[PDB]
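Colleague: Here's the letter readout for the chains.
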Amino acid sequence: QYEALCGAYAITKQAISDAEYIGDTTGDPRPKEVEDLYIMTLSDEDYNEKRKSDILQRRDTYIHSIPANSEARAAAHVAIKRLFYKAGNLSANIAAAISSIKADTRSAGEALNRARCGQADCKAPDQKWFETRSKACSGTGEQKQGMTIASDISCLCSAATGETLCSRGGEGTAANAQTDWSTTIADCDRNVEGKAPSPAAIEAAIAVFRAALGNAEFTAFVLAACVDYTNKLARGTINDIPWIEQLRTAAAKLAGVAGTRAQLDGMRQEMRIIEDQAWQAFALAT
Amino acid sequence: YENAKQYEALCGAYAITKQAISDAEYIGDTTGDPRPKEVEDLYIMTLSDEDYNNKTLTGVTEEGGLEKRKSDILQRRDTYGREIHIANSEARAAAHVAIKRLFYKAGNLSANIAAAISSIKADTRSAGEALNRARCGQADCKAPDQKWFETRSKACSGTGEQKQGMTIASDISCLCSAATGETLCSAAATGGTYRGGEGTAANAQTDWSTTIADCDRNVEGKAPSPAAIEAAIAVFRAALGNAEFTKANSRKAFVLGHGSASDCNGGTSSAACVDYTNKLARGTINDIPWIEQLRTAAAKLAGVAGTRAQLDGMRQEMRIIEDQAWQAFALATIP
Amino acid sequence: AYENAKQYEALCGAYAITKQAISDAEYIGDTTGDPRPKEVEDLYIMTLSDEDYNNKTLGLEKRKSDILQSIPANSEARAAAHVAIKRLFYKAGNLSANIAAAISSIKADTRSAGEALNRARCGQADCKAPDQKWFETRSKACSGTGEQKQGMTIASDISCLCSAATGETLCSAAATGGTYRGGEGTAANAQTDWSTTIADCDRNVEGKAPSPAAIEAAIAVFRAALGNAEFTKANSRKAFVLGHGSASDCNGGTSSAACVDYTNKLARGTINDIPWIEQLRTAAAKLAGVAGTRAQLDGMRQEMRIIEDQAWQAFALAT
Ligand SMILES: *[C@@H]1O[C@H](CO)[C@@H](O[C@@H]2O[C@H](CO)[C@@H](O)[C@H](O)[C@H]2NC(C)=O)[C@H](O)[C@H]1NC(C)=O
Ligand SMILES: *[C@@H]1O[C@H](CO)[C@@H](O)[C@H](O)[C@H]1NC(C)=O
Ligand SMILES: *[C@@H]1O[C@H](CO)[C@@H](O)[C@H](O)[C@H]1NC(C)=O
Ligand SMILES: *[C@H]1O[C@H](CO)[C@@H](O)[C@H](O)[C@H]1O
Ligand SMILES: *[C@H]1O[C@H](CO)[C@@H](O)[C@H](O)[C@H]1O
Ligand SMILES: *[C@H]1O[C@H](CO)[C@@H](O)[C@H](O)[C@H]1O
Ligand SMILES: *[C@H]1O[C@H](CO)[C@@H](O)[C@H](O)[C@H]1O
Numbered sequence: 027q028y029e030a031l032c033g034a035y036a037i038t039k040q041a042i043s044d045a046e047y048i049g050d051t052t053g054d055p056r057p058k059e060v061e062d063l064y065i066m067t068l069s070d071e072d073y074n088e089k090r091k092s093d094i095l096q097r098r099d100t101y105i106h107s108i109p110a111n112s113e114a115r116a117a118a119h120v121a122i123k124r125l126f127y128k129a130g131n132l133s134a135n136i137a138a139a140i141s142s143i144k145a146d147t148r149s150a151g152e153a154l155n156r157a158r159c160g161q162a163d164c165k166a167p168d169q170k171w172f173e174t175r176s177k178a179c180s181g182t183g184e185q186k187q188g189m190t191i192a193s194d195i196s197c198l199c200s201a202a203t204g205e206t207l208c209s218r219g220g221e222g223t224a225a226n227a228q229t230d231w232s233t234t235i236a237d238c239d240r241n242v243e244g245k246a247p248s249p250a251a252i253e254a255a256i257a258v259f260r261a262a263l264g265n266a267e268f269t276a277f278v279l294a295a296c297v298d299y300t301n302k303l304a305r306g307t308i309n310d311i312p313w314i315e316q317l318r319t320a321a322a323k324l325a326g327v328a329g330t331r332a333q334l335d336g337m338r339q340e341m342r343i344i345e346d347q348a349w350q351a352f353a354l355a356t
Numbered sequence: 022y023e024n025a026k027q028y029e030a031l032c033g034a035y036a037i038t039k040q041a042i043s044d045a046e047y048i049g050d051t052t053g054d055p056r057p058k059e060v061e062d063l064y065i066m067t068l069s070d071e072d073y074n075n076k077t078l079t080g081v082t083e084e085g086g087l088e089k090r091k092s093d094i095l096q097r098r099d100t101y102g103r104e105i106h108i110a111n112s113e114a115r116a117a118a119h120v121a122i123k124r125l126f127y128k129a130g131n132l133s134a135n136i137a138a139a140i141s142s143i144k145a146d147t148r149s150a151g152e153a154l155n156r157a158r159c160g161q162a163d164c165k166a167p168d169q170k171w172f173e174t175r176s177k178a179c180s181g182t183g184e185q186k187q188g189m190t191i192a193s194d195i196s197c198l199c200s201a202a203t204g205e206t207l208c209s210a211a212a213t214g215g216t217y218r219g220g221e222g223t224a225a226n227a228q229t230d231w232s233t234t235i236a237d238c239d240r241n242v243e244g245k246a247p248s249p250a251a252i253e254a255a256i257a258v259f260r261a262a263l264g265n266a267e268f269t270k271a272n273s274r275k276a277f278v279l280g281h282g283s284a285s286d287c288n289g290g291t292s293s294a295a296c297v298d299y300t301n302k303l304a305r306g307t308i309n310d311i312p313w314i315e316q317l318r319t320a321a322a323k324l325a326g327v328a329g330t331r332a333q334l335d336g337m338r339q340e341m342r343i344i345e346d347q348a349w350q351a352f353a354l355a356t357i358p
Numbered sequence: 021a022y023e024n025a026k027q028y029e030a031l032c033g034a035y036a037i038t039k040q041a042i043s044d045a046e047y048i049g050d051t052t053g054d055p056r057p058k059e060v061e062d063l064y065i066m067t068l069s070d071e072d073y074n075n076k077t078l086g087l088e089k090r091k092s093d094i095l096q107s108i109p110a111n112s113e114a115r116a117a118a119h120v121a122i123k124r125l126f127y128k129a130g131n132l133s134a135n136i137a138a139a140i141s142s143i144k145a146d147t148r149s150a151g152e153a154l155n156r157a158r159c160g161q162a163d164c165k166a167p168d169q170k171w172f173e174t175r176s177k178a179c180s181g182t183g184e185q186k187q188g189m190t191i192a193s194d195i196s197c198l199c200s201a202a203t204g205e206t207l208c209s210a211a212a213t214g215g216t217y218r219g220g221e222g223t224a225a226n227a228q229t230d231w232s233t234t235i236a237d238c239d240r241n242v243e244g245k246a247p248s249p250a251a252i253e254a255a256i257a258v259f260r261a262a263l264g265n266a267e268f269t270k271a272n273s274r275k276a277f278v279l280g281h282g283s284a285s286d287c288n289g290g291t292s293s294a295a296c297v298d299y300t301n302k303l304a305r306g307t308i309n310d311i312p313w314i315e316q317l318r319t320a321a322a323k324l325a326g327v328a329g330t331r332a333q334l335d336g337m338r339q340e341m342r343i344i345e346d347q348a349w350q351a352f353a354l355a356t
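In order, the protein sequence lines correspond to chains A, C and E.
Here the first sequence stands for residues 27 to 74, 88 to 101, 105 to 209, 218 to 269, 276 to 279, 294 to 356, numbered as in the entry's author numbering.
Here the second sequence stands for residues 22 to 106, 108, 110 to 358, numbered as in the entry's author numbering.
Here the third sequence stands for residues 21 to 78, 86 to 96, 107 to 356, numbered as in the entry's author numbering.
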């Protein structure tokens with residue numbers, strides 16, 4: 027077999043790229059113009088920073107002025123005061139939304155890693171990744187079945203009677227599994243160029259796993295073999311078996327990045343709108 | 022122990038049909054959808070003494086609340102101080120048309136916003152009817168009764184009248200009901216009633232809410248997703264196969280069963296099968312009646328996502344219309 | 021009998037998407053908001069000063092009388118509302134230019150996507166009529182014995198998988214190709230074994246607009262069907278074969294021989310390296326970029342309409 031096992035390894039060894047979701051970062055801060063225009067409309071008390092220098096210069100053609111010190115300067119100010127506040131109070135929402143995405147992506151990254159490696163220590167092959175071959179692949183004494191992606195490449199790919207079909219029944223092959231990890235990866239780690247994670251790719255891998263579920267050897277939701299996920303299955307759902315649940319939790323956090331993406335793009339457009347709104351309000355002060 | 026994977030596929034499809042599509046999961050918040058009260062309140066301001074009265078009955082905007090608020094709009098809702106919310112300069116009149124332009128546009132958008140909501144309401148209910156039409160033979164799917172199955176001969180083997188795939192239940196009933204019993208489909212999977220070729224849909228109903236137990240305990244608190252429908256078909260097509268049958272009209276890969284059969288309208292454990300060759304003529308699994316309804320529901324669930332994008336965009340225009348109204352209101356505050 | 025249909029249907033789904041039209045106009049809304057709003061151009065002349073008001077710097088009088096069904110009075114706003122309109126005027130001027138580039142970017146992206154679909158089905162971006170250039174020899178298209186032009190086209194893999202001597206409705210619900218028999222690659226014989234084999238797919242086509250997800254979905258369908266666990270000797274990776282089973286060659290005489298052994302063409306175990314899936318991915322990627330550019334297009338149209346609203350607010354100062 028050995029098809030969904032290495033496939034899930036590539037999906038767990040994908041690359042979460044926060045930058046490909048956050049995107050612009052240029053319109054996210056409060057537009058400099060709605061801040062420069064604001065100061066020039068501060069009447070004759072608050073205006074009198089080293090930033091007044093950048094304003095009233097850099098015409099960019101070959105841009106700003108102190109308007110009439112009448113009520114129109116304050117009349118324009120109260121118009122842009124909300125425009126100034128709206129950008130600043132929207133940039134915080136954009137920044138908070140970015141932190142939501144960054145938390146979700148890494149959390150989905152942790153779930154993707156914790157699905158394969160232990161916690162997040164996949165930099166080196168911990169021995170806790172692989173367990174005994176009676177309580178982890180058979181689950182007799184303790185119900186510790188099918189824990190990780192690599193916790194299943196031990197059974198059906200160790201012991202005897204196999205012509206690399208999956209490229218110590220009862221005992222623990224922890225070190226042999228550590229060696230079998232090197233042999234197994236050699237038939238893997240090709241990756242898929244690590245393009246990006248996708249919630250559909252997790253469901254597709256999950257669905258592909260459900261296809262290979264089944265075997266007609268001697269001791276129903278199984279994959294000799296020594297797998298028998300029915301040990302910890304409890305109710306038939308794979309929502310109990312660990313690595314499927316960890317993959318699903320990662321998809322749930324990854325599902326939220328698109329929702330914040332639609333919110334985030336529209337908020338940036340509003341900032342671009344608030345720029346154009348402000349210039350047509352500086353004319354209020356003639 | 023025999024037809025376990027096939028049940029897992031059908032139970033997966035049943036799960037989505039048992040899932041509910043709440044309308045508000047797509048419509049969302051509607052407190053900002055209507056015409057903003059700020060742009061309305063600003064419109065009463067730039068009106069002068071004339072046209073500002075209850076007796077303007079010939080033209081009234083939303084003054085069915087007997088006006089009243091016309092003079093009470095000038096409130097004091099601010100910070101520790103009171104600032105917000108009208110003389111009668113030429114700027115007052117010149118600001119009215121600027122508000123009137125956005126006052127119209129906000130109201131038009133409110134109608135357009137409501138129009139997109141009605142599209143979502145219709146599509147979701149139309150989609151909801153489709154999922155039901157797969158689980159039952161109706162758009163309601165209420166009582167596990169009322170004969171939404173058919174005879175064994177017609178529904179499982181397609182001998183008399185080609186009626187395979189009519190409902191996900193019929194395919195579940197045929198696959199999990201035979202004389203020979205085991206943990207074939209589920210734990211309590213014997214299905215003794217629906218055994219003979221003459222076995223009517225009543226027999227299936229009598230052993231329906233006994234083999235469907237695990238499925239209803241496994242439907243989780245999620246919502247149907249168009250990928251979930253396509254996923255449900257993927258596990259279904261993966262399980263379709265039984266290399267043993269009746270030669271002609273035995274196109275396998277269209278058989279949901281096991282072992283030598285020669286029939287699926289019988290008592291043998293093997294006859295716990297459904298041959299679709301007599302319905303899947305075109306050659307596609309997607310021609311099974313509950314597959315099309317699954318795809319019909321998934322298609323409608325993709326349509327509401329786009330209308331949601333239109334709905335969200337309209338509320339953005341409404342909100343920036345509210346801000347632009349204050350800009351036009353600042354025209355009047357000129358000496 | 022039908023012994024490759026599970027493999028055939030996966031290939032037929034891809035052929036269905038390639039035989040589908042993207043309709044370059046479905047991703048555009050209208051040519052109303054795209055051009056510069058004439059009202060802003062109209063309001064430009066109502067405050068276009070009194071000098072340069074009819075001085076066309078190489086007409087203006089016809090446009091100044093065009094406004095017939107307020108007054109271009111010489112006040113401050115005649116030069117104090119023009120500046121606000123000027124700021125808006127060229128902002129919408131660049132915006133409509135960017136809109137035109139976005140439309141051209143969409144059209145170029147859809148054509149490149151549509152070319153890729155034709156490239157996967159046929160080998161060229163012009164799927165006009167069945168040509169011998171579409172297929173190649175068994176040695177190349179199916180068995181990989183002599184050259185590695187294996188996954189060139191879906192059309193060659195279909196002809197390799199659904200054509201052999203021994204074959205009763207091997208797939209396609211009607212007949213089996215009887216000329217592409219063994220070393221006789223005869224790409225012309227694969228052309229004779231084409232219209233008979235491909236007629237079911239020319240009925241499975243529907244009004245399903247070519248979508249990025251459907252292309253990735255059909256690839257998953259092919260992934261499931263990719264397998265032949267018996268096959269033959271070294272460099273015969275059994276997971277990367279598409280056939281009945283228990284063979285030693287591909288496209289020979291046996292129905293089993295109707296197989297495609299990508300082992301020689303494939304590398305790093307990535308099916309996303311067979312020619313047709315590559316093009317399918319290229320088409321899917323470009324189609325996604327169409328969605329992104331269309332999202333920009335509607336956003337730009339939104340900014341143009343608000344610019345026109347700002348024009349009156351700027352122009353209302355002249356009263
Ligand atoms: C894009 O917007 C800019 C905004 O300035 C336009 O630039 C002006 O174009 C007018 C055209 O008659 C010239 O007279 C000005 O000298 C330009 N000013 C500057 C600062 O560039 C420009 O025309 C717009 N369109 C394009 C294609 O650039
Ligand atoms: C924006 O936030 C400031 C405080 O940071 C607050 O004083 C102001 O009222 C807010 N205005 C808006 C429009 O949100
Ligand atoms: C819709 O727009 C038209 C434009 O003439 C306007 O007369 C009408 O009042 C608008 N709708 C509403 C509900 O205001
Ligand atoms: C299913 O039922 C048949 C007929 O009784 C039996 O022969 C098989 O052994 C069983 O699995
Ligand atoms: C399916 O049923 C047949 C008898 O029809 C039996 O021989 C097989 O063992 C069973 O799987
Ligand atoms: C190819 O399939 C045919 C069916 O027509 C069978 O007769 C052969 O044995 C097989 O190789
Ligand atoms: C495929 O063709 C081989 C040729 O030997 C035959 O043995 C198999 O029975 C058939 O399916």
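No lab work stands behind these hints, which were simulated from the structure alone.
Mixed in with the good hints there might be a few duds.
As the list claims (entries may be wrong) - Derived BS3-like pairs: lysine-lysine, alpha-carbon spacing no greater than 27 Å straight-line:
1) C:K302 <-> E:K245
2) C:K165 <-> C:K144
3) E:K144 <-> A:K245
4) A:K39 <-> E:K128
5) A:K123 <-> A:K186
6) C:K144 <-> E:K245
7) E:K275 <-> A:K123
8) C:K302 <-> E:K275
Colleague: Each hint needs a verdict: does it hold in this structure or not?
Modeller: How the hints compare with the structure:
With a C-alpha separation of about 23 Å, the suggested pairing of C:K302 with E:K245 holds against the 27 Å cut-off. Distance restraint check for C:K165 and C:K144: the Cα-Cα separation of roughly 21 Å lies within the 27 Å cut-off, and the hinted pair is therefore satisfied. With a C-alpha separation of about 26 Å, the suggested pair E:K144 and A:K245 falls inside the 27 Å cut-off, and the hint holds. The hinted pair formed by A:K39 and E:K128 fails the criterion: a straight-line CA distance of about 46 Å is larger than 27 Å.
Distance restraint check for A:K123 and A:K186: the Cα-Cα separation of roughly 61 Å exceeds the 27 Å cut-off, and the hinted pair is therefore not satisfied. Simply put, C:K144 and E:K245 have alpha-carbon atoms about 24 Å apart, close enough for the 27 Å limit, and the pair holds. Distance restraint check for E:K275 and A:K123: the Cα-Cα separation of roughly 70 Å exceeds the 27 Å cut-off, and the hinted pair is therefore not satisfied. At roughly 34 Å between alpha-carbon atoms, C:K302 and E:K275 are farther apart than 27 Å, so this suggested pair is violated.
In this structure, the earlier hints numbered 4, 5, 7, 8 are contradicted, and the remaining ones agree with it.
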